[PDB]
Amino acid sequence: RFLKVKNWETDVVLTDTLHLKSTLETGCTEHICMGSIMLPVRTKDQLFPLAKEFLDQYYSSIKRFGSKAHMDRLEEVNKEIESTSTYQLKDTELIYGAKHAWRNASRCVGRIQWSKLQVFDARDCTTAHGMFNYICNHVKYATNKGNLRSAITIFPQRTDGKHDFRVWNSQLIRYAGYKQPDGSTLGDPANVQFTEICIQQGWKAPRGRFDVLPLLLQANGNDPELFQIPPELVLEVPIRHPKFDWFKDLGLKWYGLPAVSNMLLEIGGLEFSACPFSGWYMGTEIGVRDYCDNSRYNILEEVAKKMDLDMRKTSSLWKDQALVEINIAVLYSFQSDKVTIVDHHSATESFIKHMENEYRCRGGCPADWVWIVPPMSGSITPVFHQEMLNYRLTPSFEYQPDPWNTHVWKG
Amino acid sequence: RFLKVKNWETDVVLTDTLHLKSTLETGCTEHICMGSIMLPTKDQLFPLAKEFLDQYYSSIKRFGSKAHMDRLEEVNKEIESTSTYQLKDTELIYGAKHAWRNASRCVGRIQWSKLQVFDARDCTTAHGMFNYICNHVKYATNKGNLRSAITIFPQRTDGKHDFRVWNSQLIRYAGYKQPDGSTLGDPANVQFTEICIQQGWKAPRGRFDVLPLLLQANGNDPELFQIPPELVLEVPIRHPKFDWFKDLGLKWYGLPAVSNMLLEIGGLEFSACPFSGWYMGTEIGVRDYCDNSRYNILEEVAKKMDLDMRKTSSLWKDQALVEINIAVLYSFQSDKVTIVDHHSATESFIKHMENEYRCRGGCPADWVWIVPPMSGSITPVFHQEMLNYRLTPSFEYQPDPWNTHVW
Ligand code: HEM
Ligand code: HEM
Ligand SMILES: CNCCCc1cncc(CCc2cc(C)cc(N)n2)c1
Ligand SMILES: C[C@H](O)[C@H](O)[C@H]1CNc2nc(N)[nH]c(=O)c2N1
Ligand SMILES: C[C@H](O)[C@H](O)[C@H]1CNc2nc(N)[nH]c(=O)c2N1
Ligand SMILES: [Zn+2]
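Line order of the protein sequences matches chains B and A. With the entry's author numbering as the guide, the letters of the first sequence map in order to residues 299 to 338, 348 to 718. With the entry's author numbering as the guide, the letters of the second sequence map in order to residues 299 to 338, 350 to 716.
No false leads were slipped in.
As a list, the in silico DSSO-like pairs of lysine-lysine whose alpha-carbon atoms are at most 30 Å apart:
| id | chain 1 | residue 1 | chain 2 | residue 2 |
| --- | --- | --- | --- | --- |
| 1 | B | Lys560 | A | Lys620 |
| 2 | A | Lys660 | B | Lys620 |
| 3 | B | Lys304 | A | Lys486 |
| 4 | B | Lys550 | A | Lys555 |
| 5 | A | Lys452 | A | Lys511 |
| 6 | A | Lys612 | B | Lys660 |
| 7 | B | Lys613 | A | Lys613 |
| 8 | B | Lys613 | A | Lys555 |
Worth flagging that the hints you see were computed from the coordinates, not collected in a lab.
Using the sequences provided together with the hints, build the complete structure.
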């Protein structure tokens, strides 16, 4: 089967054959598209085909398909599965797997960088303290004094599902949110629930607008433990605007390192429930979503006031106008401080090239248009005009339930 | 099977049951989502008629009535005898309004029940069609106070007598390829303009030439007509702050009127059914003016604002884009032509969705099309999960007549 996608701006037509290797579900049917839906203990039975599929890909990629090394390895994994009910990846396979999970991540516009990923093998980790050490080293390495480096740290895989390693933080670095008795919110409204958990676990909250949350770390299915990331390791950027001198007085800053820590990495049927990964920010993530979502810091009003825009009619586009200045300021600030960041024009343009490269060399590039298109100025970026096919390949990053909803407390 | 949609801004969750009445396919499968793809007999006819008449009679609280059964009986006889059937005026109006209600790509659907339906099923010639379309244009425009309307021409018979408006929209600007290798006017309209010229149009070769209508009646060869200039309302584009903007020589037409689509009601097919409402600003300011394959004016505007266009990271493109869109809205409002900004329109649509979920059990919506082409996430629709599915009556895409027409 052949599937064509078209770019309506360029008339470039690409042919996808890669989707034939698609395994998991989409959520869609012939009767319904769930393309805008956010979120739509394994037996040896199901496990060996998954291992085999993965090992065949790995051996093909190193051009050793059907080799004795390939066959011996299948044999070794088979025996290990029938003996121990699971298996261990070689370091090479782990690295290959992590890189490909990123490569297959259909919601990530940053994938041109997929082959450059520093993989930190933390499978020898046994305790929360050990996890803390590993994560500190990840943060320091990735931050690199502002010259950001993509990295992932991989903690031991799931066994019976009762001994899971989990990072309870959705991201390694995030600001606390505090609900006030008057209904108002101090800090990041997104993180109110998690902050409360942290407080309940014994965290002493400074109760400011930009308090870096402590790490809440679960090793081997045990109760999670609190650790504070050494502040000297947390790179932050004061936000200012190149022309507006009052912008600094808004009191804004953000952290430089975007680091997802709540996702599950699947490789060859194995499940890595704690696998924090990081890259560098695209400006709009902060300037559009973090700052301007009504459900987040929500600064559009204040900014628009200070720019003295006409705010009586939406039709003045005062919101749009303020939004631009805020995103200019985020980009300006990071650049001025020499902290890696990319604008949505650069990032989407790079993605189109990556995508075309992938069609040519790989036969496709699964992409989720709904996530790939930036949250401002959509149609003046080239991804907007690009038809995309969304499907799911393994290895992959997957959503998993929040640990506080599933954890069995030891006490 | 009973699907939930969440708004991530408000945490509001809606339950959709309406999708279990969908029938047409989406393009998607359990293995592949095609949500971003632009274009993915008596036997066949009677169940379609029945399904439609059932929903019609349910809508007037007369389900299972004798009049319901009588109509069903009558339609069935007519299909058996004549191979097709004729809609009653009431049914036609119901169907047209519901086609719009079911248009999952339309953000303006809160207005769906206020639609003026012009029954042009008595039309027989292209001159007839021309007259009906002029009257539509004049009625819809209403001196700037726009009114939603659709004009419905005779249904398809054997497929060899189709009525077609060859133009994709009732009102659009011509496109010309220059010796300069560049493009004059609207680049999207070059091929159609060629066909107009080849059919005998005398093109003025200007940048904003209103295209002539190319009208096909009864499967005959299409004929040319110029819409009376005085009925084509246009808006010169100026900026409220930038005095120089006027000098760009920009204007646009007040009437957005889609003419290339197929209206399906009760299995019947209306291949010629132009419909119109009123513009959302971004349609003109973002797409028409700033698309690289359209009027593509970003660079010039940016230069007149003297922005640093050295580096993409200055966001000069984004800045110019906002001002271009400010000017569009200002110009329409100043000239008193109905227009809606994307904030107001998406807000309306959220309330409509909630109404539709509350009173109909759902609302089919294509998020890819509903979210505006600028400032996506500062509009409520961005944070609104939507289910996309196909309900009938419906507007459907159809092939361009020049690839179809046996001359
Ligand atoms: C290096 C530069 C990178 C850039 C510019 C980038 C860009 C982005 C952006 C803008 C998003 C959307 C985030 C959101 O809307 O919440 C995203 C999502 C995602 N990225 Fe990347 N990313 C980068 C690196 C990485 C790396 C290193 C990985 C994994 C090894 C990765 C995997 C993912 C995944 C799995 C998602 C989906 C997250 C979710 O569903 O919440 N990215 N990326
Ligand atoms: C009166 C105010 C209206 C507003 C504000 C509005 C808004 C819009 C917008 C912004 C689009 C996207 C168009 C594009 O991006 O090219 C659209 C598409 C559409 N509209 Fe509405 N519309 C209105 C009236 C109507 C009416 C009266 C009908 C039918 C009787 C209709 C049916 C449709 C259909 C079928 C589409 C999809 C067109 C396509 O797929 O090319 N709309 N509308
Ligand atoms: C999933 N919706 C909520 C996301 C909230 C959130 C909070 N902090 C950091 C991120 C980072 C997202 C992200 C991750 C990576 C790896 C790179 C990049 N440029 N961006 C996301
Ligand atoms: C409902 C909708 O899917 C939701 O708002 C999505 C839209 N696209 C997105 N795109 C990105 N990059 N990040 C997001 O969080 C979202 N949210
Ligand atoms: C590839 C993508 O589907 C295409 O660019 C779509 C995206 N969303 C759109 N949305 C609207 N309203 N109108 C359009 O023409 C498009 N084009
Ligand atoms: Zn889909």
